[PDB]
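Okay, so here's just one chain, in structure tokens, the form deposited without 1H-indazole-3-carbonitrile.
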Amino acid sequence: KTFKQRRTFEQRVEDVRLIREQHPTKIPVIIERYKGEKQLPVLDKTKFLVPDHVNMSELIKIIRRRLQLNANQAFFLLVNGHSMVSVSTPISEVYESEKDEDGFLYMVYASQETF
């Protein structure tokens, strides 16, 4: 069901390598709904090419807009399995430090703080 369960390690690496070749200024991000989430909708896709100059605060806003959330819906985002240290961090730096060995940057969202 999850991205890693649907694609082999080889397939994931080769896709990241393709993204470096054809979309060099983008960060390859996998964004998935927490498996127990009951309030927030699922996204229309899983793999996102994020401009590498945005910060985490902006990425949160982007994802909230893609989910068409209103102001009273809570949204929490994990990166590489843990909470964000700061929303101010540039995504190019987050990628360097938090990328998976397959080359994707993995994120999970939920409406509660306890995924």
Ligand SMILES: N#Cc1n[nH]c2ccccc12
Given for the second form:
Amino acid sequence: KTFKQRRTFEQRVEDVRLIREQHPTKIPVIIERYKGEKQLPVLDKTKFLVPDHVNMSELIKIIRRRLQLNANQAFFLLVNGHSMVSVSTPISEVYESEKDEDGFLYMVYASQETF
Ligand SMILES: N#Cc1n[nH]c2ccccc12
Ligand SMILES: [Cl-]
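Complement to the form deposited without 1H-indazole-3-carbonitrile: the form deposited with 1H-indazole-3-carbonitrile bound:
Below is the whole assembly, all chains and molecules, this chain first.
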């Protein structure tokens, strides 16, 4: 079901290395619906190449646009298993501290602050 389940650590690492080679300016992001989520839809894909200059505030706007949400639907985004300390941080900076050992940045979204 989940990304880490579908691919070996060997496969996730080699993929990140290919994104480095072929999309050197992109952050490799895994974005997944909270497995308890009732309200929000599932995304059409799992793996996203985010321009390394966008801040977390703008990435939330992008995901809300992809899910085609309206203005009073709630959306909460976890990074590497925990709340974001700030939405103003560039994703280049968030990647360097919150990245996984396979080299992906893992995100999970839900309609409640309680995941
Ligand atoms: N970069 C980029 C994105 N392309 N499509 C998206 C959907 C949600 C969040 C980010 C992106
Ligand atoms: Cl690139």
